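Participant: Listed below are the residues making up each chain.
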Amino acid sequence: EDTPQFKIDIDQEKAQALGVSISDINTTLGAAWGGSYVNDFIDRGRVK
Amino acid sequence: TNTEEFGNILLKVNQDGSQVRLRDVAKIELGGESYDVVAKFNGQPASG
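So the sequences go chain by chain: B and A.
Numbering of the first sequence is given in the authors' numbering, commencing with residue 721 and proceeding in unit increments.
Numbering of the second sequence is given in the authors' numbering, commencing with residue 241 and proceeding in unit increments.
Source of the hints: derived by calculation from the structure; they are not laboratory data.
Note that CB positions come from ideal geometry on N, CA and C, so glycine has one too.
One or more of the hints may lead you astray.
[Claimed, not checked] On the chain A side, residues computed to face chain B include the following (Cβ under 8 Å):
(1) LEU250
(2) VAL253
(3) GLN259
Could you build the full structure based on these sequences and the hints that come with them?
Facilitator: Structure (structure tokens):
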């Protein structure tokens, strides 16, 4: 069944006024909270 | 989703503060992906 869920609305006009690219908010908001997978690394003979 | 929403996109804010929306530089409407093909059944609109 449907459940409550937080909704964040980025005010497009305000963002341009303060000179913040919308493509940066979508990353900080999406990477800080949702987690991001940047790249791989080699450890103990395996890639992680 | 709506064409109204697309027409509300913000391209850039003028130095005077006036907004330059997408609808101010482009006519938005729902159209076909490709207009190359145009079918006709007994001289009547159709598709298949």
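Participant: Restraint: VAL253 of chain A near chain B, CB-CB cut 8 Å. Satisfied or not?
Facilitator: Constraint on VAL253 of chain A satisfied, holds at 5 Å.
Participant: Does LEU250 of chain A hold up as a contact with chain B if the rule is Cβ-Cβ below 8 Å?
Facilitator: Nearest chain B Cβ about 5 Å off; hint holds.
Participant: Was the hint right that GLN259 of chain A lines chain B, CB cutoff 8 Å?
Facilitator: holds (7 Å)
Checked against the numbered hints given earlier, the structure satisfies every one of them.
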